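8 protein chains.
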Amino acid sequence: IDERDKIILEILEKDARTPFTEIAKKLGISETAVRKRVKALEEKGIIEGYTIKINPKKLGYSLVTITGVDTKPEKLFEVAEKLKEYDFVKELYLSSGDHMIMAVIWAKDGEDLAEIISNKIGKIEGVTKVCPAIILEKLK
Amino acid sequence: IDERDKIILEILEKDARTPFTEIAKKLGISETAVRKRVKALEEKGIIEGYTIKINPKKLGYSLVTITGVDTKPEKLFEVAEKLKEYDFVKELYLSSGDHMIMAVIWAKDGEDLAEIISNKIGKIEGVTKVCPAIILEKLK
Amino acid sequence: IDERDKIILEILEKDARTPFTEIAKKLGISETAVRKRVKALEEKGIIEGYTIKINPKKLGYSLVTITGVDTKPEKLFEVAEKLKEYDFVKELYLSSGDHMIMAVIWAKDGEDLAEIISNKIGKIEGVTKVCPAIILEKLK
Amino acid sequence: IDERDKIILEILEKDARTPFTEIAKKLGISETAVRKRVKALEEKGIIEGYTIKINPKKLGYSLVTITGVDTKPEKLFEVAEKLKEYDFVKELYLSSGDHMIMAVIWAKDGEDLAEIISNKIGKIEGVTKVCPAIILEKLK
Amino acid sequence: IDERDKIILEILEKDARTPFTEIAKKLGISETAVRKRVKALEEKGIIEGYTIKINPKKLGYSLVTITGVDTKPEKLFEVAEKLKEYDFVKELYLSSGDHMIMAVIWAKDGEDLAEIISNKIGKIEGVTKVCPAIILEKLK
Amino acid sequence: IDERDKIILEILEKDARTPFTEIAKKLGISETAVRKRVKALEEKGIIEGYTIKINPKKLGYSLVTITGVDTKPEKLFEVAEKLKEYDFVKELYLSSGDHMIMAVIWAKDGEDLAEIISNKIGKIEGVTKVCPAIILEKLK
Amino acid sequence: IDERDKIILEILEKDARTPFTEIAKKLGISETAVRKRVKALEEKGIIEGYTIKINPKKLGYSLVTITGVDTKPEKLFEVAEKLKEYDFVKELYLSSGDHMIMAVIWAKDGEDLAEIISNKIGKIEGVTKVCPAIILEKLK
Amino acid sequence: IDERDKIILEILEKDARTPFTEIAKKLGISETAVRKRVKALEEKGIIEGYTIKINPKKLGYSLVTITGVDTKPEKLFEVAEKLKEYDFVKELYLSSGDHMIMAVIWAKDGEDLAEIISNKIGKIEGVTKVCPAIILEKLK
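So the sequences go chain by chain: X, E, W, Z, F, V, Y and L.
Residue 1 is where the first sequence starts when you use the numbering used here, and the numbers rise one by one after that.
Residue 141 is where the second sequence starts when you use the numbering used here, and the numbers rise one by one after that.
Residue 281 is where the third sequence starts when you use the numbering used here, and the numbers rise one by one after that.
Residue 421 is where the fourth sequence starts when you use the numbering used here, and the numbers rise one by one after that.
Residue 561 is where the fifth sequence starts when you use the numbering used here, and the numbers rise one by one after that.
Residue 701 is where the sixth sequence starts when you use the numbering used here, and the numbers rise one by one after that.
Residue 841 is where the seventh sequence starts when you use the numbering used here, and the numbers rise one by one after that.
Residue 981 is where the eighth sequence starts when you use the numbering used here, and the numbers rise one by one after that.
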């Protein structure tokens, strides 16, 4: 996308309430345009949706963990949807890294991680290895 | 946080434009409350900010890559801030996984990945190993 | 063999329809030394065959993957054979590396790669693990 | 493209001097449909070239090795380029796997392999590590 | 807590029968400040218990081993519990490292270590893999 | 040694201030058999010392980490010695595992752990790599 | 052992036919002594036996391979004795390295290795991973 | 080699003092032949030499260790000869396994291993990683 639309996504991704009117003065173009642009990005799908960036330490989620999930080859997708279903898997990927599954989980402590691993993820038919990697700090 | 505030963050994280008024009818409480709550989460920091969820395939970023960055122990933080500075490092972590640095990079193709790796990340004073793991699909 | 063979061999891997006369003037040798040479090369199995260098990129295969395939030790030769049957498996090795079965897979995209692994390789009986390394550029 | 292309492509990788007439009667299509087809294939870069399948075993290369080459991150593109210059490096990749540089090396024997690693690859400046996996059989 | 606690704590891990008076003259504080301090330490669970540092070497245990124990994900908590029952398992962790179960095992010799792995750990149901790292010297 | 020693040893690791009389009635042996036993145990170095089991969790150390420390081979004994000097290093080993130096580190939180690695361990000269595995629960 | 007996084993290990008489003049002692010594080492077991050092390349065993053999923990010893039984396992160890079993196998070629692996070692009830590492050259 | 010569090497490798005369009656052939054969194997090089199989536990060498030695690619052979020179490297190989060097070292204890590693092998110009794997038991 155009340069203008690139700037507009930069800006919105920093504060998605920036009012159109502010974008327009940022770009030298006008509201209607900033409007039009925004909608068009939205209709296209570049803007999937309007969301919120939520802080895990302040919700008490002290161990944001990147968890690997190995699987019997044959049950990759069956595991993946049941990991999809748990509310502590805050985002799920198929990867070409060491483990195909790759969950960004939020546990609140070692015993919560250890609990989740074994009682929730460890018990999914098909799961052959959970490999949790705890995030020391988020930098960007 | 309270259960009500948990629901309110669920909802907002699904569409952070849901109007207060809709939250209120969702919870059986009232606008003012949904208002008050929201602000309070915001002032607290549970709501870091209002943002946008942007689709890499439709921006032409076909290889969303989880890149490991090894470093000389002594230059961890110096590497980390220069990786922080590049606009293709869409999020940066310190981890207890195989590589301390852990960048979620967006390249547009193998040659873009290979370019970025070696010409941009590979040349940061201190970087001793880039380990890129390409995301086959995002599931959540 | 001899130097002119290695050169003839070099030339022929480059352009297999290279005229014998241009081979000839290059080596500074009759077309009929060439011709004779080409055919002992062919005779002895040194040239085992004439084929076409095909570009995956132009054919929709943007993801050339080196997939290691781990397997139940009983079944290494079964899984190889179910793997060679498939058209995505472009070349297939029994190797001493980290995985006994090594395949060069051509998938369209991440999704396609995700799909081949999970639905076609993965369900082969005896496959204990698929390990894809995506190739970024081919340099020779 | 279309099925007859994929088949023509199949046939041509098998025996590149396959008569167009046999291609033709097989697809059940004129020699001149074939001929036209072959040349849009050639035109579009799908057939990028005619070459010879050469057997290392008969040429004294009994050790076909997949050598991963680790390297100082600064110098990944230098080391690739000093590597492609050499004749033992039969094919050379920039890959996402455990090692950025991946080469298919043909050495005569263990000793020869030991020798190429230590004396020719190893001394290339910037090579931090050579990782050879010897191939046992080639199956496709 | 406070510095004198950390020091009292230091002293007490060194010689747990250190007189309170020597603690006392060292910190330059009454025996009865000490005494009070020791017991809020004891009260709050900071001192959780008095025990003996035992030397494996003099007890015939010349092989202090850190044994990672891999396991079927279903059964991580079963295998831990069958492991803690045994006397060779001196300390037992649920860790985020390469293996979820981590034990500090004391075997007499290689043979004994071979034996514990194969006959006692190994047969525990659900153990998919034992990974022993023998400790060479203990330095603190 | 003998069974009553192993039991006395068991009892004493449990509660080191266990009365000799309760040891005694348990083994069914004089206080003065006990007393004698305890002191040959002490004499021979089997009991090498009396210390306190200290709980990191209550002391603010919520992150008990097993940190492998890789190092320039020249400097393995230097780096160990600069490591034992530090108070976060609670126990320190020279081990046969994946890393020669193995330390049990107590950091407050992820950040603190990030900090110790980068600022205190990492800058030790000769440290080529820090490898932290966070412990989730301690079970014995 | 004594210094004299150390020298005598050095010498014998270089040529175990060196006649006693030559040892004696080597040491300044006498035949009878060199005799006595030798016998005593033999009776003790320091000299397990008199054997021959046999060259694998000249027997046509071009791939002397250090093979890892993973196993279900429970069937370690059952695998080990059946690997013991094959005549191509020229020496078998239990190790604390990556794989407990560790065979020094002699195959004659990649296809022999690949054959042995899968048809002989790969089919032992219990074997979960063969990891062959080919010796490029023997240096001592 | 012939079947007869295979048997003769089996036999000799079990006791290389078996007198010719015993081989001959074992094979049904005659002394002179068994003679002739033996010499011919010797002159050929299949019999490199006559040696002794020496027991490390009874010499007090309790940790027979398979040590990996990583190296800067460029200094492979320079390291290898200095490892060749130490009397505790009882046999040295170049490998295609994880580490090119591969020493079978005999230390007498953890502190001897740890000493050797760091003071002797760790200090060889060029050595970038020692990876010792202790043999629990020898089975063949």
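If you are wondering where the hints come from, they were derived from the structure by calculation, not from laboratory data.
Take the hints with a grain of salt, since some may be wrong.
Said to hold, decoys possible - Here's a subset of chain Y near chain W, in silico, CB distances under 8 Å, partners left out:
no., residue
1, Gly-962
2, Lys-963
3, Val-967
4, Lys-969
5, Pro-972
6, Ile-974
7, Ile-975
Idealized CB from N, CA, C, for every residue including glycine.
A closest beta-carbon separation below 8 Å is what the hint needs, so does Y:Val-967 meet it against chain W? holds (5 Å)
Have a go at the Y:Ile-974 hint: is there a Cβ in chain W nearer than 8 Å to its own Cβ? holds (6 Å)
Using 8 Å as the Cβ threshold, decide whether Y:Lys-963 counts as touching chain W. This interface hint holds because 6 Å falls under the 8 Å limit.
So, as I understand it, the hint says Y:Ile-975 touches chain W; can you test that by seeing if any CB pair is closer than 8 Å? At 11 Å from the nearest chain W Cβ, Y:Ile-975 fails the 8 Å test, so the hint is violated.
Y:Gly-962 as chain W interface residue, shortest Cβ-Cβ below 8 Å: Holds: closest Cβ of chain W sits about 4 Å from Y:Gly-962, inside 8 Å.
How about Y:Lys-969: closest beta carbon in chain W under 8 Å, or not? holds (7 Å)
Interface hint check: Y:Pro-972, Cβ to nearest Cβ on chain W, cutoff 8 Å. Holds or violated? holds (5 Å)
Violation of the numbered hints given earlier is confined to hint 7; every other hint is satisfied by the structure.
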